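Here is what each chain is made of, one letter per residue.
Number of protein chains: 2
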Amino acid sequence: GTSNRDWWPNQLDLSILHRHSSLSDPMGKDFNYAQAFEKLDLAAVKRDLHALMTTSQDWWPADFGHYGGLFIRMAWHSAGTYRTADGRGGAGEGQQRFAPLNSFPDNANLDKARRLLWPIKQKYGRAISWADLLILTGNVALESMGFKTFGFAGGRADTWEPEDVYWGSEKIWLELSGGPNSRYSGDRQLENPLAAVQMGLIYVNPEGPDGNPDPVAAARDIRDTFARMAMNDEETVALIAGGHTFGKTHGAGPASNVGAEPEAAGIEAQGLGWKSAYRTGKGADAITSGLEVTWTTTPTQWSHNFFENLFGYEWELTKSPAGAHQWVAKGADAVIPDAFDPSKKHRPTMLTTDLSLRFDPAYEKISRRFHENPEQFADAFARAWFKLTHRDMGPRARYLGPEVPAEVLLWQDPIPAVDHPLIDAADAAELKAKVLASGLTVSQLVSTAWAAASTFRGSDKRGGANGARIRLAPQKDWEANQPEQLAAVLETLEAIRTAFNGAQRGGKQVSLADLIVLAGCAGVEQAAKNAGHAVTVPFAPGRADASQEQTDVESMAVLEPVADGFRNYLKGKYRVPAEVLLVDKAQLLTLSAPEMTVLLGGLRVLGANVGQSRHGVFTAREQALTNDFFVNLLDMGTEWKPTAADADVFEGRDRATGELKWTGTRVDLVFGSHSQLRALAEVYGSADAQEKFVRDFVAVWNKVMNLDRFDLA
Amino acid sequence: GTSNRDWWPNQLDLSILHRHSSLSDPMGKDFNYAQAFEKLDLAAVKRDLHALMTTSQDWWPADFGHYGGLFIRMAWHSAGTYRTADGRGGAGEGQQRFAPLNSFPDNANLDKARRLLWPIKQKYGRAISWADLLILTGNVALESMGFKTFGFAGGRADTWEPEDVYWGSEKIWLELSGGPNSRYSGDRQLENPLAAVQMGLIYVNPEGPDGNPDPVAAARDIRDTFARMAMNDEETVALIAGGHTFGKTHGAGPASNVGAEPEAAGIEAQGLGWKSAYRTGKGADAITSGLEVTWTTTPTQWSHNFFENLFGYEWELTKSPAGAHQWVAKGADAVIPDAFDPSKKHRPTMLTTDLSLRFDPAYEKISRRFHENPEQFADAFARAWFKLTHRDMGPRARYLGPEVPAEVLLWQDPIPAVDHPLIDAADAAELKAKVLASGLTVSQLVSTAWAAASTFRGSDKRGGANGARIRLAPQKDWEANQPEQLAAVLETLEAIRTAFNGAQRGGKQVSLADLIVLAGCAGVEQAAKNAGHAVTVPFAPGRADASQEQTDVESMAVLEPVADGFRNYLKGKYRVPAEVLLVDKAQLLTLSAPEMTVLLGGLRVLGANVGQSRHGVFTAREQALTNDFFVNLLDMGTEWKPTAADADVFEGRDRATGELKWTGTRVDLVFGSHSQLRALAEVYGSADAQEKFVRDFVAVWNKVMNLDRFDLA
Ligand code: HEM
Ligand code: HEM
Ligand SMILES: [Cl-]
Ligand SMILES: [Cl-]
Ligand code: NA
Ligand code: NA
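Sequences listed follow chains A and B, in order. Last residue of the first sequence: 728 (the UniProt record's numbering), numbering continuous. Last residue of the second sequence: 728 (the UniProt record's numbering), numbering continuous.
Hints may be right or wrong, so weigh each one.
Note that identical chains are pooled: a pair holds if it fits in a single copy or bridges any two copies.
[Unchecked claim] Simulated pairs of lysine to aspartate or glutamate, EDC-like, Cα-Cα distance not exceeding 20 Å:
#1 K186 with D21
#2 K61 with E185
#3 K136 with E706
#4 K544 with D229
#5 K138 with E706
#6 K290 with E666
#7 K476 with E575
#8 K523 with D56
#9 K290 with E637
#10 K600 with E206
#11 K360 with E564
#12 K586 with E509
#13 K136 with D703
#14 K676 with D599
#15 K359 with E158
#16 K127 with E178
#17 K54 with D73
#18 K380 with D225
Since the hints were made in silico from the structure, they are not lab data.
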């Protein structure tokens, strides 16, 4: 069946904005997962998980009689797809159970892990999501094997279809670099937003870069991919060495024995994959990665044996039974237990990427300190495990249950608690009047609030206007934010704030985070008034102001908009066309297509463009809230052509006289070109639509202002 | 970006069930198009359309000063995609304005026609849909040119995204038959459900079959495609000769001058396509099809000149200026006006497919009758034009506005008016109890109601339980409907009906159509009670009983289910896997994936399978409404293998003992295989889900019972 994608493989895809509809969700429209989880008997679920660790099933027998290592790897892979560049991937949506991640080669035999958890899932039902279950099982695995975790939060609601993530352009699983769709260029530079080295891997290749078994060069890949997953050197060494304290790899025979991944398997496989023709196909004969390495002398117990082995032996290159590159300890005795036969022992072995922890000079120093101070190792691994498994959960207000750690961590982008009465409706009216009397213009107020609120992304629930981080480094210096203009607005608003707060009694005060938002609302109200409409814009107080010391400047950098079609902004020239970047931004903002459309058309006429660009400003009454963008965009009286100087800027001329009427970018004109977007533009550009336009605009403005308001959930 | 469809091009596609979400719709949740249309000033719209017909725009000048022919072609193409096999295509959703139809080669330059209508669309806004406007425009064209139409109904609500239709498997536009993805086999047999001869055409190739200019052979393609669009010989001749009374074709120069179709064009083209480098690119220089034929001596006026020319000349094969095969009148004078130069005239010309109407012996008889009796022609054309443009609109109850024809036509599948009081809630209770006391079983009651209601398809809004056509030919003899079993049920129900109606006063009576549905309701309630659960299944009376004489048996044939996964039924062996046919059925029933899942699981355990097959009956308490299908399907204690006899039937055996527990088809086991459907099955298979399962099952049962109830809209 030939599809629209087949005919026009480069037209824009809007289906990403309409995922996760109430249509595909089996739960009712009023289901609230937080409320269900809060009633779960978490202690009961943990008991069951503890029992499961040593209840071996014959269809995938437990190594050493204990599933703990398999489960830790399942949890680490669940979390391990996370990229800081867009916040996509991670454990927070349980996406390991859907395509493509359920069939990524690095996720081989994790299908067995998840199927082992079905009886507990079934027993507790909607009160524990798959997403939370995958992480909780990893924690219980650690605890059962003697490692005290730092804590656990529930609240990851399940999702019901695949997320649309760009995992790369390669058309071959595991393709090495330099191909027609290479994710590398230059001096081993990984393309943004990717955080893994090959299609179908979590982070790096365990044999070494493109399969070359050089621990030093592997270390560079480890550092880069881990930093693109929000982890620094200390955290990276702690996580790899901590994880490889447990369990083993699987490579008992040639890989050619392993059959189709789950999404390719026959219907009789009932959702499992990688069926192996090698001997019994499981247990002692398992093939997962193709490597055959067991790290410690007690693989089912927390120990300090990883760094004792790493440093206590010299290492020789060898091959696994499947032909993969790995390392064996020179002159060692057979001290490592076999997973199934008590009469067999094995020499210590390591992966290339484990040896990175010793032969990279920066890692070596941390590794040595961990070897000499095992309590430092344990603490670091516990903290890092918590961060790994919660990094995509968003503000601490979303954390549920009795095991949430009290300690506030910097990577959580913490917001102080509010400890004073909030402003009421009369106070809001008084503050809006002050803002409008100060001389701040509609353009300035809308631009500033937009800048503050639109850093939110629903992928990891970072960003938004709570915190007033727009006043701090680095947001106050971002080019998209117009630093000089922004400074002048913030000085004015800070003076309003100070004057209001200083006149109060009874502890009442307004945050700058709330005032920025409130001021934007006043601009929208004033713009409606300019167009002859009496409109009230909803506002919810309660934001607090974070400090600079609570704002990690390096972690904030990934939130910088380098493309923001809602302000007609593009920081540089990119290979991806700007309308694709607009839809990507709309997805991160949680906007539907109708919402994106109404929002952009209104922001254009309110003066929200960076630099006051006239691109897309299709009105003679700027700063008035009208549907003029749509009416003028769709006027067949205007003909459009790309300019000679710049093919991504277009001129709109009167068709009869040739006179220049407007200019526009690709983001502006896509609304008059794409057949679905133009159908939406036509509704808002119709003669019966002015009031609809206004009311839909206020709704989506308010939505954006509230995106991070999990304190009101 | 590599997608799941790239990796697993044969996995099942569920996204067709989640189109049309509230996410993609710009109108509010409460928007009701019928209420908007009912207050449209339809007379004022028509006056504006009438003025438009002779108001030429210089960016697409009007032929002969009149856009009427262009607009008739536009309307005919909007309607002309309809296929009776699945009811897909047609004018009823305005899909001409979306991909791919907006860019079908046969739709070339209808982008200009739609653009001409934007000022009118814009003026009347949400009170006239694009879908309705396209048809209305063709009617006003006809009327302005002196043709009396049969009438017009509004009510086609706009849609906001492309429908997923299988248009064929060819990967090249207009590919000739016989290629690697040929839609023909055997002796020129077109594959179901297609109704056109080449990818990107409406019906046939105007040059002749695969370009061979033989009118006799062309006639065969015309008859077959038009029959597959629900038109017979009389209607086919009336429509082709009627349409070609007006306007002209466009082929002024070589086709290589014409550029990209709209979906491929640059963003500056603002939704238009086919831009032509030939001279002025428009008007006198237009190229659309590549043919250059003008049929009559008055192309802007209704006449009987088409048949006067067809029969009053002999015809010679020639070529257009673009090199296409066409025909010219031997020895003729230049009597046809030129479209732009009043000093030029032309000889009469014809397409190959026009000459079919004289050289096919069956068409020739009708064409001669039309020639000698042009009043017969006019009436046939007007009726056929109404049918063409309304054939996918559904029951007459959906027809809106002041020009609906009063005449009831057989093709409407008409439902008699109800002229008596309806049963009330207490009557419904009395009838349910009588049904249950008669000895009819849950299985019989469920199966019969299912059979009656599930003929509905949302593609053309035909079928459903209204009418009680299950008791008539041909439904009563369809194999899926289990004719002998069905006859026994209907006799019992008819006795109940007769007794209840004979005891009433005041004219109150119950239809058999209502009673069939009510009796199914009683079966579902009794199945719930069998499982220990008291529920009331909603029921809405007001169906009426149609007669045999009001039922076209040949038109009803396309509604026969040859595949119905909800009854585990496949009439024969098909190339398309059965799970794909289940999702197709679910789409036609308007079901989401969750709805499909719950419904199937419940039908399995109620005894709804055809023939009482045990396939998928994963319960030891058949006729009790439980979630046993899901609990048993998902139990990892059971291992599944295809049988030796039949690779599409699977045995579920105890994993430890080998004992046979169940048998299943592909339709049953896809719910334990596909990663999205398994996620759904897991919710209903959970230990907390019994209440949920029952409530969702009752809800989707009731939805199916009401699919054709546009009297309650
Ligand atoms: C450079 C990063 C890493 C690389 C290249 C890597 C590589 C791998 C490979 C190849 C296996 C074998 C899979 C198989 O054949 O069964 C594996 C196993 C495992 N990894 Fe890692 N790993 C990395 C980081 C992590 C991290 C951060 C953790 C957890 C904190 C982790 C925990 C585990 C555990 C517990 C196992 C054993 C699984 C079993 O017992 O079944 N590893 N690792
Ligand atoms: C065998 C069936 C048919 C064939 C192969 C066919 C073919 C065509 C072609 C090739 C053109 C010229 C396109 C262009 O170059 O502009 C066209 C024009 C047109 N056809 Fe048909 N047609 C068929 C049936 C119909 C039917 C059923 C109607 C309406 C009742 C219709 C009404 C029109 C009109 C009015 C035009 C003139 C358009 C203009 O003036 O711009 N045709 N036909
Ligand atoms: Cl994701
Ligand atoms: Cl359709
Ligand atoms: Na994420
Ligand atoms: Na249809």
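Comparing the hints with the structure gives:
no.	hint	in the structure
1	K186 with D21	both (16 Å within a copy, 8 Å between copies)
2	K61 with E185	neither (41 Å within a copy, 55 Å between copies)
3	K136 with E706	between (48 Å within a copy, 18 Å between copies)
4	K544 with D229	neither (67 Å within a copy, 69 Å between copies)
5	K138 with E706	between (51 Å within a copy, 15 Å between copies)
6	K290 with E666	between (59 Å within a copy, 19 Å between copies)
7	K476 with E575	within (15 Å within a copy, 50 Å between copies)
8	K523 with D56	neither (39 Å within a copy, 56 Å between copies)
9	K290 with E637	neither (64 Å within a copy, 35 Å between copies)
10	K600 with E206	within (18 Å within a copy, 43 Å between copies)
11	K360 with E564	neither (52 Å within a copy, 86 Å between copies)
12	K586 with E509	neither (29 Å within a copy, 75 Å between copies)
13	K136 with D703	between (51 Å within a copy, 10 Å between copies)
14	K676 with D599	neither (30 Å within a copy, 49 Å between copies)
15	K359 with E158	neither (28 Å within a copy, 94 Å between copies)
16	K127 with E178	neither (22 Å within a copy, 38 Å between copies)
17	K54 with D73	neither (34 Å within a copy, 70 Å between copies)
18	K380 with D225	neither (26 Å within a copy, 76 Å between copies)
The structure is inconsistent with the numbered hints 2, 4, 8, 9, 11, 12, 14, 15, 16, 17, 18, although it conforms to all the rest.
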